[PDB]
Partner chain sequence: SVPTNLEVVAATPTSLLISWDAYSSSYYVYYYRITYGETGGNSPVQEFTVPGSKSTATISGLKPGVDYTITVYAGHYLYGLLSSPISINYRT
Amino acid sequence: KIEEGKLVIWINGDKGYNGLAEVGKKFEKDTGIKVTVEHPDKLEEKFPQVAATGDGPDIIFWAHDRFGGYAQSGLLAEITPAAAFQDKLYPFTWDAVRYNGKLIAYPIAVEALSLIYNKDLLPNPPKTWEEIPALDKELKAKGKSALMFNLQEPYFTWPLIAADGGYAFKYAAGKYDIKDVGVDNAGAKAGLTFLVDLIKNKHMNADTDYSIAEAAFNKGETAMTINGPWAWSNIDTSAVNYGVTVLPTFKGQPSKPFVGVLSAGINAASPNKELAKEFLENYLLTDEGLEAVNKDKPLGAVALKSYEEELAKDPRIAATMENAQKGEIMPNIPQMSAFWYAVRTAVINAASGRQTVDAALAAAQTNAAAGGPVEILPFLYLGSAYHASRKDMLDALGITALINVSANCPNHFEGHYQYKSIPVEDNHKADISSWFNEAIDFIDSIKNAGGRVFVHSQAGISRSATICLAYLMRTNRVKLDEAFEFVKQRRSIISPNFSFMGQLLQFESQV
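With no structure shown yet, could you now provide this chain on its own, in the form deposited without its partner chain?
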């Protein structure tokens, strides 16, 4: 389907694909090269499939962070635009399309969260997070609230957590250090603590999600929300008198939202790389090219300096770009999935008082850096609650059964694995050894059917490691120091709390 002398472009269905086709039409009038724009479903998943066979589109448009993986698989051509062309785009957008120190796409558009406020309830929106409690108390007296936004998804709370020093993975040169996580430093702690205090003082409710915050703001019940350009249409329909502005500061520093950069990459299998360069550099990434796309469906803020200066006459787009430049580019590596799950658990757990802020972030720091489940024995694997939520990752290991060593974590797939629950907390009060025999019996019953057990707890560090150590001691009639050395050899971070270690030693006396 990919042929010399032709260009096929894939772009998602919610973008201005008709405006893009107009550009392709002008490219064909000037060059004789015909351009076909397509918007297939799940195109971000089809592309790595068709491209590994040497097929697919010539050009693919998608958010930059999906391209780091593509570039790892060698599916994206390296581009080398001249310095004069690079100077047409904001420098920070070129950092979003860097992989292993080589450019692998053209930045197109720029998107980030902003602060949205109701000019009737709040003519003077706050510049700092620290002002919001007093603002909330005055609005509550009139039956309103200061601020509602989606507290379930860490994407929405990260700008506050990052403000005083949190970061995902440390970025140095052109590579992220997946062993250097910044969710447990003092800035991250200071930001989460401020958020949790808003909840315990009743300025916000920990149950607020995307639709609850949207309905509240769009009906005039709360003075502010935190949201992105995809939400403006519904606010316009609601007819609220709103403005869009810079996110509040925290401890005098800007909130740092993650940035998504819509990008155009060139298929490494393409026989038309020079034509793709000509189309993208000489036609699309110009005032006329972006405008045609933008007239179809707005791009938001754009990476092209000259057209962004025109679009930012809309103060909402100016606010998006301003928040983006104070924020951080979304890391383009596959470890982001475990990061997001780790932080989402910490904020939920800290907001509900289930964990202290420090313990919640200490766990998130471990999980954000963790690998996959660790093999202890061929039928016995050790890992975290994150792993237990990934059905295909477990199936790839041949897992047939899970031991859930936690009080609150749910069993996600009761039709596809056998579950055993060990509902203990990770503290010096918990009597985990009263579950040893039941856990050991369950593992043996799975093993005798030729199954495999995945033992997990929140961090895969204390509770689940204790269960695996108990199994090894009883089954192999070995002492704790031997079983403990064996497991530390497969995952050095395991560490039962010292009360659990004491129960393990007392268990050995009885085996």
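Positions refer to the first chain, counted from 1. Rigid core here is just the name for the largest C-alpha set that superposes within 1.5 Å across the two forms. First, how it differs from the form solved in complex with its partner chain.
Taking the core as reference between these two forms, the lone member of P125, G243, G372, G182 whose Cα moves by 2 Å or more is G372. The smaller of the two rigid parts, set against the larger, turns by 127° between these two forms.
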Contents of the next structure:
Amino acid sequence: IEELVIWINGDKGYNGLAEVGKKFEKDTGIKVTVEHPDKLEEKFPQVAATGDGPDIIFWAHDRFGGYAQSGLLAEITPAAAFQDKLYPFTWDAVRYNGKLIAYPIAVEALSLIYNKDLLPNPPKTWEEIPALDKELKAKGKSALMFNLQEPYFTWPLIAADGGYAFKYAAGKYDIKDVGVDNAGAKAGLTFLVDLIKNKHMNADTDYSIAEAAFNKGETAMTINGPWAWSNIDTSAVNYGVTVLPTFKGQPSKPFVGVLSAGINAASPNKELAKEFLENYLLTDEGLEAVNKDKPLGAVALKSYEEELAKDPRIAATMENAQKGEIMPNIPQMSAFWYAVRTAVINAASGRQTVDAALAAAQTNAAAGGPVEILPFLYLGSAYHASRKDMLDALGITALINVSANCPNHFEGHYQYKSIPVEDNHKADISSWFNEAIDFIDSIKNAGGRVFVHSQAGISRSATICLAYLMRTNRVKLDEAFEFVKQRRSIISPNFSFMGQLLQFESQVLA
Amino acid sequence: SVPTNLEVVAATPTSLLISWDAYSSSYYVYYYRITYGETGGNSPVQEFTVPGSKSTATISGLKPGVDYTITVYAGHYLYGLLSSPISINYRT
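Could I have the structure of this protein in the form solved in complex with its partner chain, to go alongside the form deposited without its partner chain above?
Below is the whole assembly, all chains and molecules, this chain first.
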């Protein structure tokens, strides 16, 4: 509670931020205390859901979307002037549903890292790479090794000619508009898959293999971000950091992570918070104090980034950032990571063509439809619960809303039953089983149809369906589970929910 | 970082439905890799992956009455496969 307490992770320059916080006090009187709690990003939503947390939270923007989806952050109101002191692409990283929710501070992205002794003139284009590797292989070396397992590393190439994760426009992401199987993504993944099938790269290279091969001088280039610079410094490689290669004449598009500071919406110093960040933190003076403690990398303040860019490594980070795509802060990003990962493995190994693999990934990452469990019982996501015509076309007359923050979007048009549980181990979801089972039977007897939903339609809403099949058929959990899973393959109640379902099993069979 | 509890929740003579406490892994985690093999056996383990949003998986085609070592690894969206996996021994 109280009246400014600032949370930052310990990896960073919190002492230097303490300084810009004494220099605050000697100007305001009001005190700022900078604590760096352990498991910080996990503790914040636990404690700010009630209150007694910090006023200002610092973290990568991608997790701030989950925070804002829970309302835990206040809509910052920066002067139209102050926004021009930051690079314009950074403001796109700190919005949810259109509203600003944080101030951008620092920026990271992958770059091309090359061995100055093996390769003083690194190639500017992906297309140059096969010739260069043909030359280096005759000397026992290779041109390029980087992590091929994670889509985060392969996507900059796949995106260059037109691929994208989720379309972004007017401050919002459209989770139906996935750019995984368009012509641009096919061409980049075809180039990638060709580098592997022509043995210029190996399908098995992961983060470790790549990082060791480069720091031992076995390979002329790798791809990696600033977190990796410390290990190369330790080694005997004279290295450079530069702009990623182009593909078909267009830049590589790495994902961009924006270190950010958010305001607790459950805090009164919302003005004292805006005061400290807008006018004492993001100044050349302010960031330098933080920078001197532990470096920020590339920064979002134009004035101070000009200074740091004297380090060509930081200049390369910012340049790759400005050509990249902001990392989507929406929960659907997880299914995207996994879907593309499968596509790259299956295309790189010949199990699938590039076209079949990207097409299946498109389907996995893009939103689908509700699923019929029983004629009167459907299962699906929060997205679906906002498409009235689509539910009307299915004959849905009632919804079970298993969430803590999802509105009933069409009250008065459908009967709503709320089950307000989070998807975590603490949540007593089985104490709602009876009430939810009666609602479904009630609607069924009146000739209607129930749509049961939770954020992803994976854990909370599936658990409600499984419990219904169990009490209503007097069958075991593993039979209910097999039934739903064959209709909606992604369902997965969380570990505590599987336990609560098993307890429920022995009650309904007693 | 990595999950901390791993159990069998259903079983047939040739198959196991396992569950792990995924909620304890950070948001950085985008898949889990499951390995299984005869405990004390010679053969390399078999393995598959599942999405980071899963807390459940089916292991099938097992021999009846055999002790298996079952391991769950976390997968990070940047580094990939992480260390300190969780494992149990369980007999079909």
